[PDB]
Each structure stands twice: as structure tokens, then as C-alpha cells.
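Peer 1: So the chains spell out like this:
2 protein chains.
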Amino acid sequence: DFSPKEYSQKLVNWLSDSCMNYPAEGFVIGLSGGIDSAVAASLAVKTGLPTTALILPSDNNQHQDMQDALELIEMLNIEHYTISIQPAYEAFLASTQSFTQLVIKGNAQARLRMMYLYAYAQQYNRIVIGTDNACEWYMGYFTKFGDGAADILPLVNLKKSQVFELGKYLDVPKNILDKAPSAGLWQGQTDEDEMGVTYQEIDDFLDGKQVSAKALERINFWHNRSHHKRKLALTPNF
Amino acid sequence: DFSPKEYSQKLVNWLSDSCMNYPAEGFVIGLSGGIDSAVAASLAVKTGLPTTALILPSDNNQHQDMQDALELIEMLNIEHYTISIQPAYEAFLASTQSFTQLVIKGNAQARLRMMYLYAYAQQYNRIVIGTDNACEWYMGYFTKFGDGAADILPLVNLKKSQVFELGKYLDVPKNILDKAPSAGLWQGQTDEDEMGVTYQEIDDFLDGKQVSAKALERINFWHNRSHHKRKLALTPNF
Ligand SMILES: Nc1ncnc2c1ncn2[C@@H]1O[C@H](COP(=O)(O)O)[C@@H](O)[C@H]1O
Ligand SMILES: Nc1ncnc2c1ncn2[C@@H]1O[C@H](COP(=O)(O)O)[C@@H](O)[C@H]1O
Ligand SMILES: [Mg+2]
Ligand SMILES: [Mg+2]
Ligand SMILES: [Mg+2]
Ligand SMILES: [Mg+2]
Ligand code: NA
Ligand code: NA
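Chains as they are written, first to last, in the authors' numbering: chain B, 6 to 105, 112 to 249; chain A, 6 to 105, 112 to 249.
So, partial list: chain B residues that the calculated Cβ filter (under 8 angstroms) puts toward chain A:
| no. | residue |
| --- | --- |
| 1 | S23 |
| 2 | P92 |
| 3 | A93 |
| 4 | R122 |
| 5 | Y131 |
| 6 | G141 |
| 7 | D162 |
| 8 | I163 |
| 9 | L164 |
| 10 | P165 |
| 11 | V167 |
These are calculated hints, taken from the structure and not from any lab test.
A virtual CB, placed ideally from N, CA and C, is assigned to each residue, including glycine.
Please put together the full structure from these sequences, using the hints given.
Peer 2: Listed below in C-alpha cells is the structure:
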């Protein structure tokens, strides 16, 4: 059925109860300047529990995305830290020379962000909010043990269009509502160009609506190759 | 009903089939110089599929543990790399200054090792073998998204004594058989001192055998504080 006001209150209540029962003090989240993290952070703040945002740029990230995240942080009035992952990434990369890719880079960088978030989380007894929505989950458009690694996933049942509706309801900065969804691996990269299918097509597919043959091919391809990303590690039946 | 020979062959067959069906070309494993990773590496090698070992010391690690891992690699005749994680760890740790203890250090290093393993695996189409045995799993004595993060867990149904039995059967070097189980964070650190409970006690508990009230107090304390380490992230049911 979905309406932003009601679904937002249910999520706020579920985050709050989940955090108290965990048990933990509050939340930490990575703020990319994108819509999923903007929405998840806004929801976490409404619980009234301590919420901290990390901004973790690499050199491939855009200044506007940093500024959009900072603007949200100002509006939300939350504790925050901005730390470049680039020096750690560069040291890690250099140290891999004896056995050496853009995807390999993207995945290392996601895992470095996980390390920052869990470092903070352990210091302040927080839980880490993962921002995966239903489209990213189904497509496996996330890094295993990177952005796919979290304690709690408030958006994972939401269509992208529902994420946007929550954004509008929650007064997320306009530029976050209007910008192209992007992993931020290079300037001009967009999720939809990378996937070869639009979010509207994925959402329609999730809804059991007709999509084109090419959309369906891409949806099936992404979903098929990502089965292990969604499940626990394989263990013996003996 | 455990027998080293029979179980070993079952595990080797399962590793092989699991890897073939993944699909992947082979394995990668972090070798600490301890028994769990020694046994897991030996099993992987027996599948006849490409198997690479990474040795990933930090300055906290004991030189003997690197030497024992190297000794095993020589015996197994496998591709391997020895890479200090210290440069990457120091860049990471320095960068956390604004918000930032030994447990946190230990956890960051374990997640760095995860990064190395996955960087290799993705470059060479391998799957990452996790070395968690039934004791570590139950006690949650592993880092979430560090050594607890892998593609496949061949040892996770095994008691520590059964891991050692496999070690003996697989001709793992004597010093690895005889040394104290240890996370390697400082000289003289031992798992049993850390947990306050012996592996024999944990193993007996897992088997439904009587243990002391002291033992049982340490077992439930560890198991209780780690419920979420074993499971997937919390998701809404709505
Ligand atoms: N530069 C960044 N700073 C902080 N968090 C980030 C950054 N880039 C990505 N993330 C986190 O990673 C998640 C996945 O991003 P995306 O790949 O665009 O779906 C985001 O929702 C953020 O929580
Ligand atoms: N120095 C190291 N080099 C490579 N892998 C390691 C090292 N230390 C720990 N590991 C990995 O982490 C796993 C867990 O170690 P432990 O914490 O001793 O149970 C080991 O089985 C290894 O696979
Ligand atoms: Mg996203
Ligand atoms: Mg993004
Ligand atoms: Mg171990
Ligand atoms: Mg060890
Ligand atoms: Na994205
Ligand atoms: Na150990």
C-alpha cells in the first residue's frame, strides 16, 4: 500500500526498538550525498537516539556530494566526521603489488568504508545502518562485506521510487532528490548506466509489471550472479 | 560420528563441488600459522584445485607464526604471498584520530586481512575459505566482516579437538599441532586465557557433556554478547 508518512513512522519505531533490543546506544551511517543514505540517516535521527554520520570520500568522489551530505548533517544537527579513505586505500593498493581493475578498486573502497563505520560503532556502542534498498538487494548492486555489510537494513523492502518519496517527505536537500543515483567511482557514473536498466524498470519488475526484453535480461543477469552476496557463507551439511 | 580419514574426504569432495558449482577456479586462504587455517589450507590443496595462501602479518604478530605458515606452504607446494598489513593498518588507524582499544585494533586488522583475501579472490576467480570452527562460531570469537567473513566455511561444524585430529591426519607441522590457539595480538596471548574457558570445556558443552559452572559462565557470556555476529543484518517484516 505504502504512504511515506505512515511507513516512515513504522520504520522510525522499528529502528528504535531494534536498537534498544540489540542492545546498542544508537546509530552510525556513511553519508555519500546520495538518496539512500540521506533517507536512512533522516530516519535514524527521528528515533531520538544518538546518530553519527561519516563522510568518507575517495579521490574519485565529487565535491558536491560531500557538500550535499554536510548540508543534510547541518539540518539534522548530528555529530559527524569527514575522513578521506584515499591514504588508506593507496597503502592497501600498493601492498597488493606482488599479486596484481576498476571493480577491484570499487570493492576495496567499499570495504574501507565498512572498516571506518565499524571502528566508530565499536568505540561508541552504535549499530551500523546499511542503506540497501529492494532494487540494490535484488540486483546485488553492493560490495560483499563492503556497503553490503551492516547491522540493520531499514530500506531493504523499498522500491527506489519509495525511497525518493520518503526523501521528499523527510525534507532531504533538493539536490539529493534530483541527482542521478551513483556509486561515485568516477565523475558522471550512474547506477542506471552501469546496470543497463533503469530503477523504474527494476521497481516495475519487483512489482510484477511488464518490462522490456533488454531490461529483463539485465535484471536476471545481475540477480543470478549475486546469489552468494545475499546469503551466509556455505557450510557443510555434515 | 567422527573419523579423520572419512570426514576429510567428505570435506574435500564438498569443497571441490562447492567451488566448481560456485562457479570459481579455486581457493584463497589466510594462513596465520595456527591449526584452523593450516587444516583448512591442507583440505583445499587436496581438492587438486588452484589454492593460494596469504600470510598477512602486522607488527603485533610473532615471527614464529609466519615461519610456521611458510613451512606449511613449502610442504603443500602452493602459490603464496607474504604481505605486511602494517602500512595499511597505520594509515587507517592514524585516520581515525578525530573520533578515536586493543579489540578495535584487532578487529581492524582482521578486516584488512578480509580485504586482501577478497582482492586476490576477485583478481584470480577464487573463493575465500573461512577457518571458523564450531567453538569460535558458538563463542563468537571472530571479527564480524573480518575473519568471520568468507565464502565457504569447511570447519564450522567441527569441535577444536576434531580440528586437531584432522591436523594430525593431514601431517600439519608439529609446532602448529602443539602451539597454543591464539589470535596473535601479542606475545603469549592464548584463546583459552582470553575466553576464561578451555577448548575441551567448550567442546564438551557442544557435545552435551557436563562442564563446570565457571566454564559454563564464560561460555554463555561470550555466546550471549554475539547473537548478531552469526546472523544476517536485521530487516523489517513490513
Ligand atoms: N563517500 C562516501 N561517504 C560515506 N559513505 C559512503 C560514500 N560512498 C558510499 N557510501 C556508503 O555506501 C552506501 C552505498 O552507496 P551506493 O553504492 O551509491 O548505493 C551509501 O549508501 C553510503 O552509506
Ligand atoms: N597473520 C595472519 N596472516 C594471514 N591470515 C591470518 C593471520 N592472522 C589471522 N589470520 C586469519 O584469521 C583467521 C582467524 O584467526 P584466529 O583469530 O587465530 O582464529 C585465521 O584462521 C587466518 O585464516
Ligand atoms: Mg545506494
Ligand atoms: Mg550512491
Ligand atoms: Mg582460529
Ligand atoms: Mg590463530
Ligand atoms: Na548507487
Ligand atoms: Na584463535
